[PDB]
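**Student:** The lines below spell out each chain.
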Amino acid sequence: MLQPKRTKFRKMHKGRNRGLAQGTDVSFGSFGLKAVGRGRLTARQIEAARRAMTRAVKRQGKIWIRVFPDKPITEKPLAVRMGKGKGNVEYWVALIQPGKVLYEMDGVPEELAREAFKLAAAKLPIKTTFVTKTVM
Amino acid sequence: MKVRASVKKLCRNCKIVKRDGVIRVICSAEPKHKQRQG
Amino acid sequence: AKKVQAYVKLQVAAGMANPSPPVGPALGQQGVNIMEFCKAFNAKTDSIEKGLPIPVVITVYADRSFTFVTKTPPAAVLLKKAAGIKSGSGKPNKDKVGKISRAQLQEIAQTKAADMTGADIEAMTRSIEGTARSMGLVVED
Amino acid sequence: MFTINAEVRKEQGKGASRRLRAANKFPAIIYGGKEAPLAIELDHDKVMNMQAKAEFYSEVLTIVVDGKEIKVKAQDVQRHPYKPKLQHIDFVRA
RNA sequence: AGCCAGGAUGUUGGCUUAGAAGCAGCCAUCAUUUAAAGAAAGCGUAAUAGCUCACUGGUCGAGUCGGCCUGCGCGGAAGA
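Protein chains in written order, with PDB author numbering: chain Z, 1 to 136; chain r, 1 to 38; chain V, 2 to 142; chain i, 1 to 94.
Quick caveat, the hints were computed from the structure, so don't treat them as lab data. It is possible that some hints are incorrect.
No farther apart than 20 Å at their CA atoms in a straight line, the calculated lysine to any residue pairs in the SDA-like style are these [unchecked claim]:
1) Z:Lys127 - r:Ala5
2) i:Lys85 - Z:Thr129
3) Z:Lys133 - i:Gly13
Kindly generate the complete structure, drawing on both the sequences and the hints.
**Tutor:** Here's what the structure looks like:
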């Protein structure tokens, strides 16, 4: 599980998730798993999907996780009233918008990249698509 | 048979048929591949 | 031979007679005789040289048991008779386990012409060196 | 070797461009050299199947606008974020 | 797409081969007469074997195959 090594403040406000994404082209690799839905992704979903990919295209290839969590999500325990402070940091999510290339892959044929990205897009909560490295 | 909400062709003899508004997978090779309700 | 009518191919190293541990009733399930691997088969084995299994066609007729003629020496123990260690291949091609001189394969390939596919010497030369590719046997050029 | 038939955009801004992409076209511009920049509207499907090739981004293109021919080169393409379609293309004269 | 034909040899390739002789195993994964063929893609064995196919010929006489972008729909869908 991914999590920043050392923050600056422990608890972040909710804020909103509007507009489109910045990481949009397949930059590092050759094939990409790009988001279409909005959503947000916990570190467990990123790890689950990465294990599905790494298993699927065996220890050949090279995989880039282009998103990183760095946003702490706090929850209140059970049978605790409202108020009395902000909750506790339970997990860490990355906020996703439509357009984020969530993962990249290189060093495989396209048909294995289709296969691993299908296998791993079923571990994520957002609708997802397959993209290739377009040249300009 | 298997009532699932994803019905798929598990074999190359499996065959998707819609009967009475129900998607089904009829196989001839293996009757374990018989499925309903996709 | 004909349509498949009770002929199979099975034994182990035929320096001895009638292998009881390895196969046994595998040569007794069909109409193939138990006795005709013991005396007359070794009578037809001593015509060239012993110490080789023979995958052979045994066409069981309405005669006593059958009639048999051994035809070809197979290339498994012919490519194991001088190859390297006596244990086996395992993973032979990713390293250098065996090595075979190609002149003796040119003369054995020049001998064997019944149970092959080829009409030229060079056409069937590297086929048996394809069996050297099988057990990882590095040919010495 | 590519010939891309174009028209001149009499309207511009985000209203007119988004109206222009719902009608299965997309805006573009031809700038470079000493001339004024030229606002251009392009059919979408022709240019999309055309840019699926690699030579679209390397070879000299020819754009036919008002019965002229401007030999341009595809400078920079804005693509839609999550759909296989185009927002806009910058064409530098050549 | 149907229908009529062919689809092998070293190849028991050695296996920890107790039986694997393409079939509970791993490395290999070659080369040829040949339009064409995998040391076997599916089943299958006490065990070879048994078939079908991957590919090619004939019959057939006009479309067919699979992706993409989309509109509307189907299933997923159980409560007093």
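**Student:** Does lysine 85 of chain i pair with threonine 129 of chain Z here, judged by a C-alpha cut-off of 20 Å?
**Tutor:** Satisfied, since the Cα-Cα distance of roughly 14 Å is no more than 20 Å.
**Student:** Given the hinted pair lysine 127 of chain Z and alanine 5 of chain r, is their Cα-Cα distance within 20 Å?
**Tutor:** holds (19 Å)
**Student:** So if I understand the rule, the pair passes when the alpha-carbon distance is 20 Å or less; does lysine 133 of chain Z with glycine 13 of chain i pass?
**Tutor:** violated (30 Å)
Of the numbered hints given earlier, the model fails hint 3 alone.
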